Amino acid sequence: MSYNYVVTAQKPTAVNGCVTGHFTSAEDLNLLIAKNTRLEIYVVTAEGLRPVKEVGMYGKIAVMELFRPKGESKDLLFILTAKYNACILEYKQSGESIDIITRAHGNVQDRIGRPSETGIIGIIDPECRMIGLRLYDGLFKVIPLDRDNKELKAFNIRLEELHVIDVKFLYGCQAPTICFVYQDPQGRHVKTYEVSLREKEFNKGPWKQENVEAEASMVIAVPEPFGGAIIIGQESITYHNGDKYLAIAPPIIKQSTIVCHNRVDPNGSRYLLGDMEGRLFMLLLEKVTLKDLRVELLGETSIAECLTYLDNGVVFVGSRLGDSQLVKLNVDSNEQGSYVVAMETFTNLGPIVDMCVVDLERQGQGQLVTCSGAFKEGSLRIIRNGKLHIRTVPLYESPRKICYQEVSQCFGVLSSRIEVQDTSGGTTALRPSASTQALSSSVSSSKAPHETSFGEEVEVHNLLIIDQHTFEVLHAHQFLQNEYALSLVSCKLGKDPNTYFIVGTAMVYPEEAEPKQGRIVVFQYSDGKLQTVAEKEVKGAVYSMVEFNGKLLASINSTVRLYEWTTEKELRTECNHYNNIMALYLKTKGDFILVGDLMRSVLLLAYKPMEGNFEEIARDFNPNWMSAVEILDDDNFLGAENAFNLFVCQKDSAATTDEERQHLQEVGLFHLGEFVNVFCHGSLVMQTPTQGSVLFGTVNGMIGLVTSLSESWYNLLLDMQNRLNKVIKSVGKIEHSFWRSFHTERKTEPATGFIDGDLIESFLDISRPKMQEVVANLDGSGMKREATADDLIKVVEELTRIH
Amino acid sequence: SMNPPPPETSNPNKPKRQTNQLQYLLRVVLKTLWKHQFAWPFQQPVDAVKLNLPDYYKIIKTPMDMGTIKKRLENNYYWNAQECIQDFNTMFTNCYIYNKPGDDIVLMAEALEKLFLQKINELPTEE
Amino acid sequence: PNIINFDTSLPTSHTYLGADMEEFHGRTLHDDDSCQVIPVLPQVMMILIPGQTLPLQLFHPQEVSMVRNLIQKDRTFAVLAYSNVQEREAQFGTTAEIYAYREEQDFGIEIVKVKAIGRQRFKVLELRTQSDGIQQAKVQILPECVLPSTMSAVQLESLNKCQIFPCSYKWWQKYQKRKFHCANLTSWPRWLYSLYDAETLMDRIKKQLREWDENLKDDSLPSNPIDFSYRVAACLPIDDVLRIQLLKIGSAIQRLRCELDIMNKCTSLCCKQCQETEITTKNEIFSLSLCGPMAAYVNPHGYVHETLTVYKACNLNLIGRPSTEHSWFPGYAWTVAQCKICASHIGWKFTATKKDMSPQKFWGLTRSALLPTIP
Ligand SMILES: COC(=O)C[C@@H]1N=C(c2ccc(Cl)cc2)c2c(sc(C(=O)NCCCCCCCCNC(=O)COc3cccc4c3C(=O)N([C@H]3CCC(=O)NC3=O)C4=O)c2C)-n2c(C)nnc21
Ligand SMILES: [Zn+2]
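Protein chains in written order, with full-length UniProt numbering: chain W, 1 to 287, 295 to 393, 709 to 769, 776 to 1015, 1022 to 1112, 1116 to 1140; chain D, 42 to 168; chain C, 44 to 209, 219 to 427.
It is possible that part of the hints are untrue.
Pairs of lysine to any residue, SDA-like flavour, derived with a Cα cap of 25 Å [claimed, not checked]:
#1 111/D <-> 353/C
#2 844/W <-> 230/C
#3 141/D <-> 88/D
#4 258/C <-> 290/C
#5 112/D <-> 52/D
#6 208/W <-> 208/C
#7 844/W <-> 258/C
#8 141/D <-> 109/C
#9 867/W <-> 310/C
#10 229/C <-> 252/W
#11 226/C <-> 811/W
#12 229/C <-> 745/W
#13 317/C <-> 907/W
#14 1081/W <-> 73/C
#15 229/C <-> 233/W
#16 155/D <-> 107/C
#17 222/C <-> 213/W
#18 300/C <-> 1082/W
#19 334/C <-> 264/C
#20 300/C <-> 1083/W
#21 91/D <-> 327/C
#22 364/C <-> 407/C
#23 60/W <-> 195/C
#24 91/D <-> 129/C
#25 76/D <-> 57/C
#26 91/D <-> 390/C
#27 317/C <-> 909/W
#28 1060/W <-> 1127/W
#29 300/C <-> 985/W
#30 300/C <-> 905/W
#31 867/W <-> 252/C
#32 259/C <-> 835/W
#33 91/D <-> 353/C
#34 226/C <-> 233/W
#35 226/C <-> 745/W
#36 259/C <-> 909/W
#37 91/D <-> 393/C
#38 269/C <-> 163/W
#39 254/W <-> 233/C
These aren't lab readings, by the way, just hints derived from the structure by calculation.
Input sequences plus hints: build the corresponding full structure.
See the structure below:
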C-alpha cells in the first residue's frame, strides 16, 4: 500500500575496523578495512595502498579478524554481522576474475539471551583451535575450528562473571586460554580460563585472578616470547604473566582514555595506543622476561576508531568521527615535537547530523551541504555530482544544524565547542576553531548555584554565518551561559520583507532534568554584522521550528505553538496545541503538521484557518526509538527508527469510520543498515517513473534517496528483486530477505512497501545470460505485457538516472 | 418520608422478669448475632429517608431490627421467649419481603437466620 | 508528619480476614501474546495493576463454586478494567493469581476469603456469558515492551569497553556524560536521552517516593524498571480514566515518564463529586503499608476500596462513632468521613487505640472518591 524505492547515493565512508595480514597471497601484505556494510581489500605497496577489491555484504560487519590455520597457504577472513551471521571467506583470483568464495557460513544467534552492554566481541585462538564469541552475558560461544565445521556449529559455556569488559586469547598456551577483565561488587578483576573442547567447559587458568584498576578496559594478548597480557585502564598500564606483575602509571595518558591499540612488532615489543582526544602514544616493552613498560607520546592524529601498522613506519588510522588517515612516523621529532607526519587523508562524511540542498553554481543542478564530523573533526561537506565531487571545510568544532539564506548569500550553522574550566574563574578553549577565528563575533544580552568545578568540560554554542562562496566564518555569535541551541530556521514571516535567522534554544542546568526555560531569538544578518532583532522567552525547550505559511511553528516541550510576526517586529502567539508527548520532530506540508517523539509517537494535526487553532487528524503510538521523520506526500510519512530501519505510515482521508480515520496504518517496513539522522527534500540531478525525492544523511556517512512509485512498478520491481536474489551469489551466503527484514530483538518481519534500489541497480552488472535468466517468464496496460532484457536494461537505466 | 418512631422497648406498666429463655436469648443468641460481620444492617431501624426507600414502610407493616430486640431484652420488655423469637422472625421476613431473591442483603439475612435457627435449637428449659 | 512505630507489615497481611489462610507457593505464568480462556469475577469493578495485592470476600454460591474450581486448577482469574462499567464494557484487564484462600464454617453461609495478586496485563478479545450466569473471557496476553539502550544503535565499538560503570548530583552528571557520549553523533543532546533513560527516571521517582515513605530504596523498591513502574502505578491516587491510560502503556520508559509527569503536575486531591472542594495535598501523603501509601483492602460486605493514607485532610465531616470492627489497620479505629459540601463518602479517620502508638491519627481516603487537580 506504500510503494517506495530506496537507493544508496553515497556508500558509507566511516571506518569501524581495520586489519593487516596475508589474505590475497602469502607474499602480499594486505590491508582490510570495514565501512559498516563495505569491505575494502588493499595491497600494501611502498608508495601506499593499491586497491585490489571492494565488496558489499548483507550485514553490518561487527567482527573482522584474519587467521591462518594449519595447512592453509594464505590467511582466511572471519566476519560476523550485526544480525549474527558468521562466515569464513577465502580470496580467489584467476586471471582477472576475482571472487570472494565462502568457505563456511552460518547463523550463530541463540533463541534466548540478552545482548551484552559491551556489544559483540570476537576473538580467535592463536593456534587456530577455536573462535570465541561474546554475544550475551553469562555465556561464551565456542566455534571449534575443525575441517568438518562448515556450518559453524557452536556451543555455549556458562560464565560466573556476568559483566565481562574485554577478553583475549593468550599466546604460548598448550590449551586455548582466555584472559578477561570482569566486574563484581568487590571491583574490577582480571581472570583466566582454559577452554576444554573434550569437556566443552572451563578449567582453571594459568594464573590466579588479580585485582586491577577500577577503569581497566583494554586487554592485549602479548605474543611470545613475552606472553601474558597487558591491561590498560584510564590511569595505569599493567602486565600479568603468571608470576610476572608489572604496573606503571604514566601521567601522560591521564588526560584522556585510551580506546584502541594495535601491535607494531610481531614479537610484541612496541604497540600503538590511541585515546579519545586523538593522541597517539607508543608503548614499549623492554626485555626472556619483560624488563619495564614505557609510554611515549608520538603525536596527534584524527580521532582514531582503529589503528593499524603497515610497514616502513606507515600507519593507517581509521576514523568514524573524522577523515581516515595514512600517517608516517619518524625517529626524530620535528620542530613542534611530534613524530607524526600525515601522508594522506581519506574523506569521511560520518557523522551526518544535518544537511540542506542548495543550487549554488549552475541553476537546476543541486548540491548538498552537510554537517559532518564531531569535535576537532567537525566540518562542512559540499557534495555535487560530476562520481561525486566533495569539498571539505574544516571547522575544528562540532556542527549540529545548518540552513541556507539566499538573499544574504550565506549559510547559518549551529556549532558547539568544548572548553575546560579556568584556574582563575572562567573557561579556556582547547584549540582555535571557527567560532574563535571569525572575522566578527558577538554574544547575547540577557533576560546558577554551585558554579564551575575543577577543569571539567563545558559546551559553548555558537551561530556561524558563513559566506557561500569563500566559506569564511563571517560571523560567530555566542549564546548565553548554560544555553543549548536546538532549532534553526531561515525564512520570511508576515509582511516583513527581511529574511531572518531564527534560533530556538533551551536553558539547561544540572539540577533540572527537563529544561523549563528557553528562547526564540530572531537575528538579521546584513552588512557583515549580526544583530538581534527579536527575542521571545518560552517555558521549555524549543526542540524544532518550521516556517508555516508566513508564521512560525515552534515546539516547546509538550506544546506546539504558532507565532505571528507583528508590525512591531515581535512574536505573537496565535494558537497552542497541548499534546500527550513532547514535540521532538516537527514537519509541515500546506496545512498539515507532523509531530514526532523519540519513541515513535506519531501525531498528525491540521491548521484550521477559519477557527484559528489545531485539530487532531490522526496518531499512532508504537514504542520504538526514532531519529528522523519526513512527510513524503499528503498521506504518507517516512521515518527512521531503532535498529537501522525505515518505516512508512499512511492515513486514510475519506476512510470509513471516525475511529479508523484517526489511526495511521503502518504500510512500509525496511532494514536500511544505517542510522539516519536527517531527512530533507531535494535532488542532485538536473531537472518519470518516480514521484518525489527525499535525501537522507546517516551516521556512517552514508547518503540515500527515497522516492515513491506506482503499484504496477512496485510489483514489477518486487518480482525483479525476488528473481535477482534467486540468481545472485551473496558474499557469505546471507539471504537478502533476511538482511532487508525489519529486524529488532522484539520482532522480525519481512520488508514491505520498499524496493531495494541497490539490488535493482546491480542488475546492469550481471552478464547477459543472467539477465535472460531474470527476465525469463516475467500490469500497466490492464492485461499482461511481456518483458525482454533490453526493456529492463532501459528501465534500470532510467531508475539510475534519478540519483 | 414517614420513617416512624422505632418500636417501644420500655413500659413501666409492663411486668418484667429474667426468664432462663430470655437470658439465654440475650447472653448467647443476640450476642452471637450482634458481633457477626453481617449484623450491621440490622443493628438499628431502617432509615427510610437516608436509604431513599419511600415504599419500605408501605410494604413492611411490622418493622423490626436487632437494636430494638437488644433494647427490649436489656429492659426486660418480653414476658417469654416466644415474643423475642417472633421479633427475630418478623425482621427476617420483612427483609425477604421488601427485597428480591439473590440480593446481597437477602443472602446476609439468610445467613443470619440460619445461624439463629441453629442457636435456637439449643433453647434451654425454663428454670 | 511525626514519627511512626506501627509496623508497616500488618496492613499487607490483611489480618482482618481471620486466621491464617492456606498459602500457595506455586506460580503460573502464561507465555506472551498467547490467548487464554479465563473466568471473570462478576462483582469485581477494580482496575487491577500487576503486583497489586487484591483481597476479596465471596459469599454467593456461584462465586464460591467458581473460586473452588479455580483453586483446583491454575488459581488465575481475569479482572476486567472497565471503561464504562455500567454497561460492563471492558477492553483491557489484568490477571490475578490466588495465593491465599480460606473458607469459613461456623458461619451463616458458606463464605470464602481470598488474597490474590495481579500478574499479567491483557487485551479482552471475547466476552461470553455462560448459561450459569458466570462469564468467560477469551483473552490475549499483552507483552512487556522492553526497549534497549537508546545508544545501542549509535554506539562506537571502540567505546564498547566504556559502557560498564563501577554527592549524588555529581555522580549522575558523570553517569549522563559517560553513558550518552555518542549522543554527539545524532540530532539530540545527552540531557534529552536522559529523559528516556530508565535509571534516571527511576531515581527521580525514587526521590518523589522518599518524600512519601521512609523505607529505604535499598530493599523495598525493585530494580527492574517494569516492576518499579508497576509498583509506582499501584500507589498513585489517580482517577479511573488516567489509570486506564496508564495500563494501556506497554513500554516501561513511557510508564515511568507518565508517572513522573503525574507526580509533578497533580498536587491537590479534591472530592470527585464536588470537583471544587480540596480534600488533601500530596505533601500529607505517607506510607503506612509496605505496598506504599495506597493499597487495596476489602470490607465486611465485599467491597474493595483502594485506600490512600494521609497525615492530614480538610473539608471533611465525621459521621458516627469510631469502631475497631474489621479495621483495615490493626490498632486503629475508623470513623466514616464525608465531604463538607456534597456529603459524599471520602474515606475514614483512623485513630490509634493505644496512647503510645504513632501516628495518633491519620486519614484513609478511597481512590474512587478523589480527583487529582492541578492549581
Ligand atoms: C438498596 O437498599 C435496599 O434494597 C433496602 C435495604 N437494603 C439494605 C442493604 C444492606 C446491605 C447491602 Cl450490601 C445492600 C443493601 C439495608 C437495609 S437496612 C441497611 C442499614 O442498616 N444501613 C444503615 C445503617 C448503617 C449501619 C450501622 C452501623 C453499624 C456498624 N458497622 C460496622 O461495624 C460494620 O463495618 C462496616 C460496615 C459497612 C462498611 C464498612 C464497614 C467497615 O468496617 N469498613 C472498613 C472501615 C475501614 C477498615 O479498616 N475496615 C473496614 O472494613 C467499611 O467500609 C441497609 C444498608 N435493608 C433491610 C434490613 N431491608 N432492606 C434493606
Ligand atoms: Zn464533595
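These are the hints, each one checked on the structure:
no. : hint              : result
1   : 111/D <-> 353/C   : 23 Å, holds
2   : 844/W <-> 230/C   : 24 Å, holds
3   : 141/D <-> 88/D    : 19 Å, holds
4   : 258/C <-> 290/C   : 19 Å, holds
5   : 112/D <-> 52/D    : 12 Å, holds
6   : 208/W <-> 208/C   : 24 Å, holds
7   : 844/W <-> 258/C   : 21 Å, holds
8   : 141/D <-> 109/C   : 23 Å, holds
9   : 867/W <-> 310/C   : 19 Å, holds
10  : 229/C <-> 252/W   : 23 Å, holds
11  : 226/C <-> 811/W   : 19 Å, holds
12  : 229/C <-> 745/W   : 22 Å, holds
13  : 317/C <-> 907/W   : 15 Å, holds
14  : 1081/W <-> 73/C   : 19 Å, holds
15  : 229/C <-> 233/W   : 18 Å, holds
16  : 155/D <-> 107/C   : 18 Å, holds
17  : 222/C <-> 213/W   : 21 Å, holds
18  : 300/C <-> 1082/W  : 23 Å, holds
19  : 334/C <-> 264/C   : 9 Å, holds
20  : 300/C <-> 1083/W  : 24 Å, holds
21  : 91/D <-> 327/C    : 23 Å, holds
22  : 364/C <-> 407/C   : 19 Å, holds
23  : 60/W <-> 195/C    : 14 Å, holds
24  : 91/D <-> 129/C    : 23 Å, holds
25  : 76/D <-> 57/C     : 19 Å, holds
26  : 91/D <-> 390/C    : 14 Å, holds
27  : 317/C <-> 909/W   : 15 Å, holds
28  : 1060/W <-> 1127/W : 20 Å, holds
29  : 300/C <-> 985/W   : 22 Å, holds
30  : 300/C <-> 905/W   : 23 Å, holds
31  : 867/W <-> 252/C   : 22 Å, holds
32  : 259/C <-> 835/W   : 23 Å, holds
33  : 91/D <-> 353/C    : 19 Å, holds
34  : 226/C <-> 233/W   : 17 Å, holds
35  : 226/C <-> 745/W   : 21 Å, holds
36  : 259/C <-> 909/W   : 23 Å, holds
37  : 91/D <-> 393/C    : 17 Å, holds
38  : 269/C <-> 163/W   : 24 Å, holds
39  : 254/W <-> 233/C   : 19 Å, holds
The earlier numbered hints are all upheld by this structure, with none contradicted.
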